[PDB]
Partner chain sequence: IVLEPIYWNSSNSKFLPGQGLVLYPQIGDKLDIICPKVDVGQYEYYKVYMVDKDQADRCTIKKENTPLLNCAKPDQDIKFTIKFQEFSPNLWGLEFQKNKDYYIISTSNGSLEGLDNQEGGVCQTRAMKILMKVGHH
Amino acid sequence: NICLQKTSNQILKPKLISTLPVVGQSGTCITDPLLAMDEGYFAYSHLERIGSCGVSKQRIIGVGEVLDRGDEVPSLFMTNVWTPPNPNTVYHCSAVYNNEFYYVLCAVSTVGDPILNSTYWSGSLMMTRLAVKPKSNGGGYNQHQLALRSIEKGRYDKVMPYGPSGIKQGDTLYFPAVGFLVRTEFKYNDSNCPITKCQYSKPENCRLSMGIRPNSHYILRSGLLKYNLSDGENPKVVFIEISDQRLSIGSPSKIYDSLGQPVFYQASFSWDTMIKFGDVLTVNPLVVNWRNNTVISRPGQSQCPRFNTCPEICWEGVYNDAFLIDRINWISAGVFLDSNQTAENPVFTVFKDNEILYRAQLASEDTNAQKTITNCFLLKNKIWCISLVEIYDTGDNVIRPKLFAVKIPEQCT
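Atomic model of the given sequence only [the form solved without the partner chain]:
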């Protein structure tokens, strides 16, 4: 039982918790965060850059346990850390937990960020497996690279992990992903671009905004990468595209279990800026029963600001996910930047489709903030959420992820 009523009472008490100590050291910038959680365990990643935010010094990928720290508040206890040999080659990591291991799928690139340099990326992927409870002298039990024998990608030129975390269904893992499709092969009817109440929107705007520029070589299509652990000695990776219902440019996404059923979140990196999430009807093919949410959006720039609904040509926005905490009433929780066109003012928010119930400001109105990743769970039968929030210090000119733990209150006063 949680508070189901709208209230201005400050019933949310966010607690500042803390994975690694380097996150705090002066002289290093911490970027490209990942946080994933399942079954009492977590996976975490960041890129460390000496000085500017840059020149990569170290990629860390670690796993551990989520535990009560001593005073009934959960925190993260790191258990097993891996450092890739060249931090300049590893991009877009994504984590799924299964049967005592976390599996982490990343892109390997000798040509930079594959999203920004798509035409030259080889499409190379790597899969690393990390024991959540390692063994002293555990060799290939503690950390192990898995051989990817084959990547099934259909009509797509390349496919890639794209989002912090996914789900397992038995022996099969599903990572959030994106497919690179040659723009000339994209099948789209401009009549489907919804411009009826949008006098300035051209019919072609949906189609042109399916890539990061209107004249891009590729369009981006979100979906899943399926990895079945029982599928022979070296399982294949299979791309599953998201359906064309409420289609938005392929963007960082998340699939997660909540209350026994999966939910899918897709970041709004274009003109469709109201929150894109909902229960998954089928995983393969991927169909999402998108919420008709009228209260949660995200900051952008001039053409696609917060609350924008009209088709425009734009590639802008921020990843601020939401986690379902009550299916019977469809109530969710996340951290959203309360601003129209600047990445500012992170607020922990509990909300329904057409109603914000209650909230708590995490910093100040002028606090610059960016990516937010929220996961909720039970601790002694009380609903807790942990949110990673990138806080940008404009004075210091440095981004650092902060971790907050918030108990969802039972009462409204």
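Only residues modelled in both forms are compared. Residue numbers count along the first chain shown, from 1. Rigid core: the largest C-alpha set superposing within 1.5 Å between the two forms. First, how it differs from the form solved in complex with the partner chain.
Large C-alpha shift between these two forms, rigid core held fixed: of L281, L148, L259, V111, this applies to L148 alone, with a displacement of 2 Å or more. Core-superposed comparison between these two forms: the C-alpha position of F404 differs by less than 2 Å. Core-aligned CA deviation for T394 between these two forms: 2 Å or greater.
Where the rigid core is used as the reference frame, consecutive stretches of 3+ residues with C-alpha displacements of 2 Å or more between these two forms occur at 24-28, 50-53, 146-149, 392-399.
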Second form
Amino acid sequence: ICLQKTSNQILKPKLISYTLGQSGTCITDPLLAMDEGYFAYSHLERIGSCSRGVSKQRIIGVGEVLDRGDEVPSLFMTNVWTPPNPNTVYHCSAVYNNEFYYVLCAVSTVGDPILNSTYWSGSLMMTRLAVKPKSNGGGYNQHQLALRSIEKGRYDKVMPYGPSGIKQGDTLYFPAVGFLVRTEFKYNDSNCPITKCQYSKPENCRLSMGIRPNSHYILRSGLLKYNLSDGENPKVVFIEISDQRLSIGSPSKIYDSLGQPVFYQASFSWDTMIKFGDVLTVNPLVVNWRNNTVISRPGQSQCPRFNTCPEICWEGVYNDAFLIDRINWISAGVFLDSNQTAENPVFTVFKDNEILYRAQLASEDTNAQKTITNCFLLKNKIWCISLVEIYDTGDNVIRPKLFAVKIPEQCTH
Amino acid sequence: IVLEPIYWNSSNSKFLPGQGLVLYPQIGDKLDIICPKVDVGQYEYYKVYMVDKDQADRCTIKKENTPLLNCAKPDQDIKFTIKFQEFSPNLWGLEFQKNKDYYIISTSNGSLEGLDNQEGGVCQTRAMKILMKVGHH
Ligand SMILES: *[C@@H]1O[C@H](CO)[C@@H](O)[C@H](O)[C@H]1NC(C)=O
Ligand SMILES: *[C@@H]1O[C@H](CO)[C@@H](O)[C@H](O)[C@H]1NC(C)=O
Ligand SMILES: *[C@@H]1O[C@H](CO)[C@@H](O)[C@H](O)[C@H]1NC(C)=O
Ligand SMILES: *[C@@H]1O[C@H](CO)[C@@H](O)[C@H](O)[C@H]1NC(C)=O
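Could you output the structure for the form solved in complex with the partner chain, given that the previous block was the form solved without the partner chain?
Once more the chain from above appears, this time first in line as the rest of the complex follows.
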């Protein structure tokens, strides 16, 4: 791949057909996962606004990533499941293993568990979907579980929290979050990094570990482990993230790249520079976070793009990054080139201290929000597919777009 | 369109004594609300919130509310930028749609000691409130 910084237009993003409307709807809460030539996908279709429209339909689907015909990858759905009640499924997360995708979701009758954590039951469901369904294949094609046994230690409740995870042999690990009663949280305020921040107070880090400073719970990212060798009803076991560069529990992702897992955590508080790195150990979870000084995301007033000082805030966007060269530590993702607005998605290839090259996906005033990037080989070439929540002013239907971007081998225009 | 920035300070004549500051932003427009750093008079401290109509009418904020501006840094302009659209970095599900009215107030009194006051303040005494009649006119 091109390893040089360049302003040449070497990236050539292609809009690919979506996996799968009616006017005045929003396709929201997206998930895309990819592993071994397959993908998993989810969304919520709402009638009305993206945040508060009536929930019409939840989709959970899987399929294949295939050359569409001109050596450009695209997604071909093979197997779709629709939950009976679109109102009660939240925070799905997907892991592939042995010709099935496993999709772990929260079941809630009290709304989004994040926003009504004290009342949430803690109920979880696991859906298994064959990537290649069979004629009259019944339980092979689609199979449901409620997860009865959940080991969560000190945490009051635990939940999947991010689009996708990994398998190691026949053990699945989903990105997840633990809800810990705030009065039980152990934090040394002397560790809050405020030495370069004249207005920051030692308390800021601890107070910002929950969605409000006096929240009942703090949120701690981590993994939910599910060992398929246990049998037909494995337990699920929470595994907390280490406290190095701790930030509020937020949507995260663990993925395999070039022989090792990598973890990404969204920056939903004051630490607004990209949080990702190689996984040193899965259990206990330790992440060798990059000292990346160039990738950030839009926030609001208190914790806008490029903020590094501890503040009490809960805000941001999930815009993940996918390692494409480990030896040289080069990664790709779609970032929003704005300080405080959800606008202007740009596909970006970067190192810790340098953006190498980039491509604007739309216009400067195009609206965009969550982005989920996965990279892989198609006929010997490195490709990335990015799901981008996106729309332009005046559009009567809001729904994500999929962009395929081949990583250039040469740096020449 | 980028709308004229709104300076959140008690000298601003655009906060009309009866009705506050009324504007008609269109979907796709952008607006900055800025608490200016101290330079003529001393720094004015404010927490500024997006609230519902009743809260605006009554000049009250609730414990559940989170500020959109925390103006407590005398040597730093503090800016909040809004785009009138469905997406944002806001995590509470707050967004903007046509033919709806939105309210921004402060019940702070301008002094450091009154920063966290929950009733009255400049919302009441100076009509430091913004009414955004989105997609109207
Ligand atoms: C999963 O279960 C099998 C069978 O008991 C066991 O050998 C293996 O160590 C487990 N894997 C884990 C815990 O990663
Ligand atoms: C980032 O810097 C810290 C030392 O300040 C170091 O512990 C850590 O390993 C660095 N991360 C990487 C990926 O080099
Ligand atoms: C965005 O924020 C940065 C960092 O605080 C600032 O330097 C820049 O002027 C801001 N405005 C933009 C990108 O328009
Ligand atoms: C805000 O208003 C006061 C008068 O009400 C004025 O003295 C002060 O200078 C203004 N602040 C700035 C920095 O514009």
